[PDB]
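Next up is one chain by itself, shown in structure tokens, the form deposited in one PDB entry.
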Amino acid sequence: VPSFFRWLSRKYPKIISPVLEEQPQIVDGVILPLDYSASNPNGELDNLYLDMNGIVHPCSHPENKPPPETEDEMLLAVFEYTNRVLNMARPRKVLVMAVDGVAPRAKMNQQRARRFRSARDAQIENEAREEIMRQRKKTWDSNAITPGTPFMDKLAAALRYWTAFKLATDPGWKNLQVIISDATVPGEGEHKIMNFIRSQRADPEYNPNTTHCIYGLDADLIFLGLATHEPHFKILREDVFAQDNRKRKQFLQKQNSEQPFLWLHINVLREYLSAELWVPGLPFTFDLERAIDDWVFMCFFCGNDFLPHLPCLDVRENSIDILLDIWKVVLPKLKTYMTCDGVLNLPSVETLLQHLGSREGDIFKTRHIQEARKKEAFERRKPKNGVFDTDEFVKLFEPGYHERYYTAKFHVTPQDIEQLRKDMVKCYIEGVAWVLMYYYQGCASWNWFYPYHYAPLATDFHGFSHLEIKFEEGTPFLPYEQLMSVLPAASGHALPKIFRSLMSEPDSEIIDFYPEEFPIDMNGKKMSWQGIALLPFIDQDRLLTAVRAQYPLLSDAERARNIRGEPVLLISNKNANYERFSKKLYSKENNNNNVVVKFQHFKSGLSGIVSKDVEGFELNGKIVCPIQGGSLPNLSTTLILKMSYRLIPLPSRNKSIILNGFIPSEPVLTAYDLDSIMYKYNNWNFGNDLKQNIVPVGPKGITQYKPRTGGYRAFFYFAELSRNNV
């Protein structure tokens, strides 16, 4: 079990519930297909969002069985996994398939480091195995899951075909309406999902009691689920607590045949945070939405994919409690919350960081003490390249670690430290201001990145209250520019032949960007897979000039592959909006591909703008399967409508509030759990304890106001309650 999920289970146990997978019925020795339109054992769902990277990755290299030999087998496995997930979830209105597109430069730096490591450290082991075999089959490269590769085009076509097949075959999909945002649409999967939800909320006709579910293996999803401020939210994911007990009998391998899943319920988490984040005696009104926003900001500060973590905040799912303890004492001394709809209050953040820096050396000393104790317990139980540790000379547990840290990790003279100190700190604050916006309002800047491999110390975060933080949004890179900036020379076969001469040839103008050998800084980490790889930072101007020099030599197919796309919407002929969309989009006048129709939430449970499809969809046409296997039938477009989809732009900044008309679900936590979370009361076995957990889903009642003494209906309700109690 991961440390994050162990922490979540220990701290918030009642948000975790088991997924009831209804096995297909059997009669007369014939397998009966599962009835999609039947009642869901888990609870009715309206919108399902799939982060497809959480499906293709288990399909590409499963741990249950050897990975598929060919790509078509991978796509068949993808179809099976998606079908299983949708059978256990069963959305009634909306399905969104979000495949990662071109990420911003801040994410591209981490992607470049990840691919460089997963290439070099994998090829060294491959060479070792090959030498062992020779002294006495080629593995599929995981870097093919990246925008711009041909496999992504094949996966996009496969997803479109599978969606059309399900909409034209399954009678339970008549009211479903599927949005596919493949790798040709820039942004990450979760960034796309968040933007979709934000656009859905901005509709006046949006149903405030819509129930959402997101699929994905990322641990950030929980926080992102809180960032939506839609309390009818949950995360569907794979059961890690069953994987823990899988290591050991026929039922154990039956769970290998079908892996159990999990619901992480966000409304119960909000119930937990209502007692967790309460601070009494504030000089301002305590809002649970604003407190939850501050908690989400602190969680993203403690760890994210865009900035290195602070030396004192070693791991997330921990030191979140440290920042919460600091926040609970800082907040009564401030005038407002540290965040406001994705904007940092820099004076409050500086107060928080000053309090963090006050106790940084103490946490360093305690970390060293507990490390020594752990080493004693283990004993009782018992540079151009290479790996080098800068932390051992730093001696963070010894006094005077600031100068040693900076000189060792940055190779500067002490007289030049302060100028560095004020630079990094600023670039870090513009970091978090970026990250928050990225998760609360959209991408602040596609081109911003942190130009250092290390984070400043906690004590160094001062003097930035006056900082005026602005971002130039820019435009995303094309798929080829994103590929050249994330892949090493060993993975250049994904790119066309023209570009791969700039990765390895010594005379290329950007050869300095692709070293076959790079140093690794463990930075105090014992294990080797999480060491910091000191890759040089790509110069955007040089890289762009070099790649655009090679564009004119590309063929028509590659140039077409290097074009940004937009999502698509697929509906059945029995949908509520089918006639309107087909009449307004596939008529004589609409055939010019110039008209769009903007529709809102009330009619069919989805709002947006749809236009004539650009993939050549036509009425009275034919859909052919792109997989050479499985005997998957050809389809007819008479049972399908396909359109180009886009979101309605937000009329104004999204507010982190609860919408009007929101009826909460049935509360799950009793008084004991809230008391334990509030007053910090503390009381293998969790796997069986999760099964008994069942969480009601959906609105409970008709009214948004709970009974409260002094009302007519409240008077009668409390009279009946007292009568029943006695």
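Numbering follows the first chain given and starts at 1. For clarity, a rigid core is taken as the largest C-alpha set superposing within 1.5 Å between two forms. First, how it differs from the form deposited in another entry.
- Per-residue Cα shift between the two forms after core alignment stays below 2 Å for all of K365, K395, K328, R653 except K395.
- Relative to the superposed core, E69 undergoes a Cα shift smaller than 2 Å between the two forms.
- Relative to the superposed core, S572 undergoes a Cα shift of 2 Å or more between the two forms.
- In a rigid-core overlay of the protein, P41 has its C-alpha displaced by at least 2 Å between the two forms.
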The other form holds:
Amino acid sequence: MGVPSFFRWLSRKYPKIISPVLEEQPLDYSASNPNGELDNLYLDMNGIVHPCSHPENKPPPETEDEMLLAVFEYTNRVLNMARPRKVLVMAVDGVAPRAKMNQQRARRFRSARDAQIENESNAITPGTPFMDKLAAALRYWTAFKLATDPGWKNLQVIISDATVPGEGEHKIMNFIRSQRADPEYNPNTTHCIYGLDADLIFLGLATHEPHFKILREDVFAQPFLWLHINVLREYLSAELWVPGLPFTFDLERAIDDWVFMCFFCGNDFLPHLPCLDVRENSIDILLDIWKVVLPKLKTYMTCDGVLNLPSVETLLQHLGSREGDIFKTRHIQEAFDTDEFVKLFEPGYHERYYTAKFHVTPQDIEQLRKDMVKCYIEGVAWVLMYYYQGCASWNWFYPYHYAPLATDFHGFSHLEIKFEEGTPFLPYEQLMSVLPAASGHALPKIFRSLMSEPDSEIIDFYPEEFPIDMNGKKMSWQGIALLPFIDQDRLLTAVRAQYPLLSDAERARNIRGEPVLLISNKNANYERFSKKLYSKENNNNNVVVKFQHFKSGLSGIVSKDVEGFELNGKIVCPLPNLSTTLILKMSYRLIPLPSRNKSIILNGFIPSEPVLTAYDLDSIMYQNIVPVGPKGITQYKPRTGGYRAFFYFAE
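Please give the other form, namely the form deposited in another entry, since only the form deposited in one PDB entry has been shown so far.
Single chain only below; no partners, no other molecules.
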């Protein structure tokens, strides 16, 4: 898509966050130009698999081999720009939670609807032969680099293929958070994310690691940009200020509340409130409400990923008081398909909007409203939990195509909220959930019969054409597919019945295959790891190594590969690698969190230099290249009343 107005909002409010990527004219290890060096790098890998499989530039690659070649070319440019010195994480996208699947399914069905017009990219989901071919290929390309480039002789690489469940963006947060939980973790490791998504800004803040940078292509002006989280926290220190609070001000909690408002007023799982059309012209309205309400509360609204429902009701009540005028002002500013909503809002609001959307009688609406508001608030809780402490449930989802009105959010404050971590779906169950029948060639075609054959128990989940619903005068691609929500018990019992008919080679790639992988090349750990894991006492790998951040800038738990790798073996591209004298690789696991993650700055964090000045902050109370990494040794600012400060303050 073309350059979103969201970046225009960012550049209008926060211009000093952006800086160009400094770039050169092939030796890896030489000091990089962009005012710092990176310890760690994280890849949103779908954010290159998609641009490869369906470019905005005219020529597509002609074959899977050429698509993979294009992926290797592009990743080589990315690493040569960023130069990670200690670790790299591949994070391929995987099996998603139900709340994600039932949103993705609609986009997936709409693509097959568009393919009928094109006859006159759905292979990129987990479990397909294409992603399996990528999972062989990307590992090989990494092994080749570690074996042949000496600049990487200290580097560690972490690989999390499509067989590993969880959304890639969530795999990354779990990695960051489990490293951050190690007592030996260096408080000042520099971090970077590559990825196309706007949400990454909020997730950077949600780590509370202030040394983050985000790497992106600007759609206008092939240049690249850094966005510095380090500078955004500096901006928010002015923007989030409120005088006279009864509880003490605290920047981490204010930032968590602001991140919560951003996920609330525009979301990847829930439908948007009709009042709150798009983030970039909406966040500032809720922020003004928060700045008005905050001094009446007992506390900040969020806490380590948990809500305070009593407080949130007061904001939503204030928004309800504005909701009518927000509808008026939207209409004043204007000066098969189902999209007709000419009744607007002013006659009766919810009393007539509800029957227009849901086809429900006016006597039933109180019950429907009460149930929808419960479900939407549970969704807002599940979303906040998802990013702050991982998914509460893989089984949970929002039951409806539409959101309540702002007037409707009250009486939920009495609630207490609960969840279970019930196991996510297998690869073919994931595919059966999201694929339209046209794309059914991607499954073992035994399953494809259940999508298409008129005898199938589950045909209701595979409509060949479906009702679609455009809103807000969006005369564009943006229509909501009103598909029936899947009964997972009906689907899973229909799908699992086919399993004993499948080949052992088709049970492969439908087993979970849960291990993440780690690769090394005469690294600081090499002999220790080799000595236990491959010259093991047992042929059966019961032997496992735990390891800690201090020695090599990474921590985890480590064990032999399941893949038939061996210490003296060598291997071939799907340009032989000679691993037998060059590499060791292992199954890998995160150290599980000792206790719930805290939104705090860790002990021993040193700030970078400040970038803003009094003229910037006083404008908010109404650029160039920039440094990265710690500004020297001292953990505390110079201040009046102190020995080392006295000579400094006296120049």
